[PDB]
Amino acid sequence: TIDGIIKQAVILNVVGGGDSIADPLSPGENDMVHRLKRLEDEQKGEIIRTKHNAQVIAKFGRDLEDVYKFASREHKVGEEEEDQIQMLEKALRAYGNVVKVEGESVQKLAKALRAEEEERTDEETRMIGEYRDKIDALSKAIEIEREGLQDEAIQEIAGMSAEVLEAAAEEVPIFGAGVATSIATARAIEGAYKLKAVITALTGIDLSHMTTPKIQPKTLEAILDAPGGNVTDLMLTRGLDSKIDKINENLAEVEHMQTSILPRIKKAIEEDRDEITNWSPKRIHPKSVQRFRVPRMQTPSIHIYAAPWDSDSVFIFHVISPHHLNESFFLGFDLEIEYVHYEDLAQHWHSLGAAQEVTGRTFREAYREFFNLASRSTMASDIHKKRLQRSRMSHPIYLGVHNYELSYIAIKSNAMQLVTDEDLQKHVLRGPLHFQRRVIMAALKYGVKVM
Amino acid sequence: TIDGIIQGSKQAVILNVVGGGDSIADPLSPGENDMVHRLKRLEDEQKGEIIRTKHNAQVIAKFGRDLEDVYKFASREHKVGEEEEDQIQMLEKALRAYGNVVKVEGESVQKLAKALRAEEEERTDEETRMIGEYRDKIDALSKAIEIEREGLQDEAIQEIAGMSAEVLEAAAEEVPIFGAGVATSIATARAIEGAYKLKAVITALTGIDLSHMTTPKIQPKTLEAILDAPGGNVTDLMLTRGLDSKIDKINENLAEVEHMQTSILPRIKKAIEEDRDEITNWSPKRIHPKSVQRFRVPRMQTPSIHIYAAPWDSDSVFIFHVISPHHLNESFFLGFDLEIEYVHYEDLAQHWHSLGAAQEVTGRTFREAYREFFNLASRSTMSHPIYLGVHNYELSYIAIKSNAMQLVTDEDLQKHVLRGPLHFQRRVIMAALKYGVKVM
Amino acid sequence: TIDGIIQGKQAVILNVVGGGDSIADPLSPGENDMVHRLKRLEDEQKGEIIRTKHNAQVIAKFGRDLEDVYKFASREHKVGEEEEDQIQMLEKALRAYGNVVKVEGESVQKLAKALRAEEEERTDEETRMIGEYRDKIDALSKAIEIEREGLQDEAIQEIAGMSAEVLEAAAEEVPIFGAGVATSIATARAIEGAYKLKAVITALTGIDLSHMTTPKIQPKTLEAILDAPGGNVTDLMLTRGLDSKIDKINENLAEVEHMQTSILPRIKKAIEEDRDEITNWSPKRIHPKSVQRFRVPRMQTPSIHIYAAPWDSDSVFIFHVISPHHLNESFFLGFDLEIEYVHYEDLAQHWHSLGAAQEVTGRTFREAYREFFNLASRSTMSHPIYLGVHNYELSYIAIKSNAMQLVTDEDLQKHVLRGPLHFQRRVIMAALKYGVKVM
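Chains as they are written, first to last, in PDB author numbering: chain A, 47 to 52, 70 to 514; chain B, 47 to 55, 70 to 441, 456 to 514; chain C, 47 to 54, 70 to 441, 456 to 514.
Some hints could be false.
[Stated by the list, open to error] Calculated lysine-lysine pairs in the DSSO-like style (CA-CA distance at most 30 Å, straight line):
1. A:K139 with B:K70
2. C:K329 with C:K132
3. C:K329 with B:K139
[Claimed, not checked] Derived coverage of chain B by chain A (criterion: at least 3 residues anywhere in the stretch with Cβ under 8 Å from a Cβ of chain A; other residues may be distant):
4. 104-111
5. 157-171
6. 194-200
7. 205-217
8. 285-295
[Unchecked claim] Stretches of chain C that chain B covers, calculated by requiring three or more beta carbons in the stretch to come under 8 Å of a beta carbon on chain B:
9. 75-89
10. 95-107
11. 111-124
12. 203-209
13. 253-261
None of these hints come from the bench; they were simulated from the model. We put the CB at the ideal spot given by N, CA and C, even for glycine.
Let the sequences and hints guide you as you build the complete structure.
Structure, rendered in structure tokens:
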């Protein structure tokens, strides 16, 4: 229940190609980053499919094409009508199969990087060579970007388009090798074949959290850690271990869906046999699957809340972890009082959540303390104190959602640095207040490095 | 004219679904309002590719090859010389196709509505079937809304539920034309119109904006009835309230397209023949932009929620000017000064643009309306308002009017609306104008 | 270097909403980012229609090279022995881009030349072509006429509002394909985008080319239409817009020629130099390592770069507009709306790889913000907060001329600063990008 009271600094992210930030207090901008991401991923997928369909089928199996065809090409009726359970199983299996292939590739490269030099095979030597050539490009890019900064800057380290970022940053491209416009990542392949899209379409279960970042913050940090000097093989692993963390987190989610939730969906279909007009054993009726609806504010994302009074200095993050690790934390801000709150919380009791030992406080208990502790600060004006006291007896106003790309543990670690690292706290709050709020979001999602 | 006090200083829900549902915006943000339209167009174009690929044979079997002809002209073929398309024949084809799609939608809702308000014994086997299938979807929506309601904090103002477009179609769409109970395959009349670029081509050839001719993705009165019956099964009669709201909008759309065909189409034909000797290389097969500027509505007189700001630096003052479809040439004023807890309402006169049907000459000018508004507002500080832009609405004009009416008269509404950051309060007013809020 | 005091009828942004290029609040990093994201998605959807409708005619006119660049970008992926020579590709895409814009340029030149030629001197086809251009201008005039009497007594906003397809039909002087058929008009900007020419150059080299574009409407064309109310715009007056277009086309042509003669040879050199610095090096591949030599810092790209004050102020914003690399020029344009203050200053040339060398005059961007922030901070040394980028569509000279009117035209200064401050900032952006006309 941390109530910590708050040179060049860089957001560990790339603009253009990289994932977007938003002002936490702007519901519109947060909604639009998701809308734009979906439209951009759909246009990318057409290129992946056209370029690589034969090779995707050869590697991952025709199941991926089957899920794609069902999603957007064919609609079967009567006797030929698709078994939607068989479809749901197919899409879950395909998603898990794509991410496990990604994981194995990063594991192999990570293992090779921490395997002396003499001990490395010819192909281990080859593969580290190819990875280091890309890292050299990223290093030179970051070098040129760094001396372009003003004496006192708070901004993202670099700026490259998605195609340039894939060519330089993506460690283990599945197809597309060293041809720009042709690089096919596991995230691109999943999106192209609409694997998550179909799982969500059939079950109502949101899976936006099951993704990977386009660049690893710890990779960027290591490049800055070694200025001109070549980043150690060991230092590179930090980024690669962050990636495997997220991949394993994704794999555990899909396995939790297959072993825990899939059996109950099957059960629900047979139970509703006499509750549904023209019931079919081949169809998942929306009625049968509302059993597994998480409340919109309990999905695995950064949920943003505003103060119940007119304030642009107060915002609450409530970040929820994947369902299999049924965890969440509170991160509150009052920039007018230079105040930051952190707290670990209890587990939700929604259908999708895995059961844990019942420790931690309620989100409700957490916002009462946030407003309470704020009203006690010596820095607070008599007007502000009275507004915080009114808000405390009041409840926070839900704005919306902002999906995160790192592991839940890494977002937790990012939040921890925002509450404890006092050096961080003084390079973050500079410039227009609305700009400060974006920077806090960026610090929560990726991290900032001070120089 | 109605002028009350939005008293500032329970739970209140916006009758809309996030994700799948139509978007709101801060009225004072011109950028966000512009981008909701841009994003909607891009999302509808991606959806249309799936509708076309999955259903083209069945669309042609049901609505006729005219829809495919409009699509092909819009985005697949470009004919030249002797084979060059008669653009009037095209304009007629697209208007006819649009009208044919919406009349099929209307007939389906009518049939379901009629069945729902028929004695159980009186209902046919298929009427019993169809109400069964509709109720199964409503049960899903009810359970969804039930789970969503106990997730709310003690004091919340937000949208009732959150589901993706594909989940919302499966649970909310009463009369899917194709796609039955297969997610990713449900084809609505709104999806079919968009997929075949019917409005797109009418606008492209005439310059006439038709953004207003749409249907909502969920009926607010349907959501209201579900909340009206907590766990308890919504009455068949109660369900009709949403279905009647839908038929209102469909009939409103049908009257617009009929107004375009009988009133405006003849004058466009006339204008082409009149400009015979005013146009270099004139063709009877081409609609020249010169000939069709006669029918240009001023950008601020289109059927939408038009947003204006105060001529001084204020984030508390904003004016809605909502214009009805051209056939019902009506509009109203809805002014806000949140600093003074003030709301203005007023019915206004009819515009004299080409597209407007003539009415009896009552009501004050928009100019007369802002003078009073700004007079009261400037007391806190003649003034002319700053136009920000447009925000298209999905319900009937009558339902938006009714929504505006509740913002001026329902004092219980006024006290749950202005809470949190002022920018958030402005979005909530927009949401209340577009969909409505229910208090609990 | 000019420092003036902004002072304070109808005033109009010389742009069309819907179909026309977007503005943004300079102090909103999100809205600036999203206008670019939306533009790319809209251009990709448009390109599918251009390709499907016109592929045979594009190949007949410009050659199969355009289709080859498109196919490489989004349709095929060759491997092993059959793998594409990425240098041959880069040359092909640069050649194709240059070939499309030079065809556009020649068409505007021909129409411009005809418009200045005395009526008797004009050929039958010169008479035809001016007739067709004037019919479109009449449509634009009537559109603008109807739009003008819809304005309130005191209005500051864009002159007109039409969708892209309606704007192409009425405004685009020299459509390459699509003639007088809405949904079918193919501009050089549409054709370039459809065949992913710049997309592939950027994808292979990392060099941003967002600046190489044309506006969807010429501000000087709109100005001339307002200059002649009901009265027919003179042939000579129309040329002002047509000369602005040729300015931008020639600016684009000089950039691509600068890329081909100056930068392309060094990229080829860099590939051979890194022969022993790259694991599994190929003479057919452009490795990202080899092309970082030519990376412009993100804040030095040819765009309107926006900076905020290092303190909490919504009245202070700095434009730093950078010209195309071949004309290695830039200027500073600072605003403090709380003090009614505007700063202008010409600056020095950047020393990034892509910049053509000039004579070493002008002050540093750092020197420029020091003074700006000094005067501004008096209301409250300081370093500005970078927000992001906003690409411009007119010639660099025309944006410079637009900035000049914001600092010197005192009549302009009093119709711009009216209404909510956030709205005022958008209007300044609009005035910088297109211009405003007062009536």
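For each hint, the structure was consulted:
Restraint check for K139 of chain A and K70 of chain B: the C-alpha separation of about 48 Å exceeds 30 Å, so the hint is violated. Taking the CA atoms of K329 of chain C and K132 of chain C, the gap is about 23 Å. The hint holds against a cut of 30 Å. Restraint check: the Cα-Cα separation between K329 of chain C and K139 of chain B comes to about 44 Å, which exceeds 30 Å; the hinted pair is violated. Coverage of a stretch by a chain is defined here by at least three residues with a beta carbon nearer than 8 Å to that chain's beta carbons; for the segment 104-111 of chain B and chain A the count is 3, and the condition holds.
Counting residues of the segment 157-171 of chain B whose beta-carbon sits less than 8 Å from any beta-carbon of chain A gives 0, not enough to reach three: the coverage restraint is violated. Figure legend: the segment 194-200 of chain B, annotated as covered by chain A; annotation consistent (5 residues with Cβ-Cβ distances under 8 Å, at least 3 required). Coverage of the segment 205-217 of chain B by chain A holds. Counting CB-CB distances below 8 Å, 9 residues qualify, and the rule asks for three or more. Look at the segment 285-295 of chain B against chain A: 0 of its residues bring a Cβ nearer than 8 Å to a Cβ of that chain, fewer than three, so the hint is violated.
Residues of the segment 75-89 of chain C with a Cβ under 8 Å from some Cβ of chain B number 5, which satisfies the need for three, so the listed coverage holds. Figure legend: the segment 95-107 of chain C, annotated as covered by chain B; annotation consistent (5 residues with Cβ-Cβ distances under 8 Å, at least 3 required). Restraint check on the segment 111-124 of chain C versus chain B: 3 residues with Cβ-Cβ distances below 8 Å, three needed, restraint holds. For the segment 203-209 of chain C, the assignment as covered by chain B holds, since 4 residues bring a beta-carbon within under 8 Å of that chain's beta-carbons and 3 suffice.
Look at the segment 253-261 of chain C against chain B: 0 of its residues bring a Cβ nearer than 8 Å to a Cβ of that chain, fewer than three, so the hint is violated.
Comparing the model with each numbered hint stated earlier shows that hints 1, 3, 5, 8, 13 do not hold.
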